[PDB]
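Given next, in structure tokens, is a single chain: the form deposited without the ligand.
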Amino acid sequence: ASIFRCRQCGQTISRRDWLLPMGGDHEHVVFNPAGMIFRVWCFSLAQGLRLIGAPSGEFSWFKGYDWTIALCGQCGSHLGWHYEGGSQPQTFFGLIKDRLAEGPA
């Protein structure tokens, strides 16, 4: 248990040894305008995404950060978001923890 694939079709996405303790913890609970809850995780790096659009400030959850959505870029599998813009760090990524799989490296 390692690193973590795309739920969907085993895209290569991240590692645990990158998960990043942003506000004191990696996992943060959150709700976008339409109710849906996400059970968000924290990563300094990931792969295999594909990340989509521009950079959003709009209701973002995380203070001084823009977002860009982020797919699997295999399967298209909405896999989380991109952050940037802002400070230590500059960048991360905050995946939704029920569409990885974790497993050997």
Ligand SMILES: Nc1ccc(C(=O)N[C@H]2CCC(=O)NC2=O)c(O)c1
Second form
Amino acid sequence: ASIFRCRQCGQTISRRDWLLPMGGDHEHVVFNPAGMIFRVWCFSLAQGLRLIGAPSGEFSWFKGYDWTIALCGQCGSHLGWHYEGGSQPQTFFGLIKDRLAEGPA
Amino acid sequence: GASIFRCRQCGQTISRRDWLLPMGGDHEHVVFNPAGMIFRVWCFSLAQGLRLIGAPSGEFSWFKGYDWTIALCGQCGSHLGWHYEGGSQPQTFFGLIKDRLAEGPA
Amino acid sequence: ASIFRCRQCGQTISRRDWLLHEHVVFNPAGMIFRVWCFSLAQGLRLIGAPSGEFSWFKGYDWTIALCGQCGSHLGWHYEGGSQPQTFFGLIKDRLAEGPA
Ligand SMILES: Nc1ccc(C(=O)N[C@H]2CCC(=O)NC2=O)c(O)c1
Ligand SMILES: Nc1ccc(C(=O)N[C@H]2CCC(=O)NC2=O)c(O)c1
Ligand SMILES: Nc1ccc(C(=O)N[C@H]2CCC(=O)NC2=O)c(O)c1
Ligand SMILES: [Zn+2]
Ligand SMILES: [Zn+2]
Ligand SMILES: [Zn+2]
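Could you give the coordinates for the form solved in complex with the ligand, as opposed to the form deposited without the ligand above?
Complete assembly follows, chain above in first position.
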């Protein structure tokens, strides 16, 4: 019964029902090669994003997946990444919890 | 990809996914202390970059036959978990609080 | 590790004094669970009708036991057997352990 919206503009992005426990947990704290730290929640599906660039396997936080940057398709806020090319699931999203706002449908 | 664990507060090198240790079946144990704080602890055979403070205590030990010392990040002082000693097979290991770490490339 | 609580929300469920300790069992899909059996428990909500399907414990039917505080599935209540008539089989990995 709860949806996650872009914190910057309010667009609906994903749903609590779509939380996915990748490696056992839906929440992963991660750091990128530039040493930036993010708190990522995994969701099976999303809507309202815009994925940019071609998929890349380098430094993927999730083994067996390629990633693309995900922006809010409405306002352009960087909300996380889409992952593809694996199995069970084939694809999923890692969204930056602090850039979403959770709320009632 | 996601092979090294760092302190989430400051980036200090702490451990590695390769060093995770399944104690009693699982590397993950969820526990609470006398103050009712719940922790999701990951067991590691090895860790670095910590500062172990105090002398070991067996009081309230979550792990049978081990005494604990508090493990802080050696750089920033954040409480990252506990070192366990005095036990058997293994004698020693680390229990680190998963959400106080950040996972990332080597 | 004398009190057992819901790992998701902390609701008190049972205690080492009530234990009967791990049983390793597989569901029909061959997934591993570590079950602890307790003679007593509290703070659950038992839902639905008893079922004998794939019961791990010969002689007993099960009902689903949820955490009464947050609704997380913590295990099952077993009934209809003998010595004892009833008990709770809770999933070790869904519980948090700590002091009294
Ligand atoms: N110079 C940079 C800056 C940033 C990144 C960056 O954020 N990468 C992410 C992409 C998603 C992922 O799973 N893992 C990462 O490490 C990167 O790969 C190179
Ligand atoms: N007043 C307090 C507050 C907290 C603790 C505390 O976190 N103890 C931990 C230490 C590690 C352990 O295995 N078990 C615990 O229960 C404590 O022992 C006393
Ligand atoms: N979609 C399902 C259906 C059933 C189970 C499952 O764990 N069944 C248990 C019920 C208790 C028991 O004694 N034996 C079992 O095999 C499950 O894990 C998923
Ligand atoms: Zn937006
Ligand atoms: Zn630190
Ligand atoms: Zn609960």
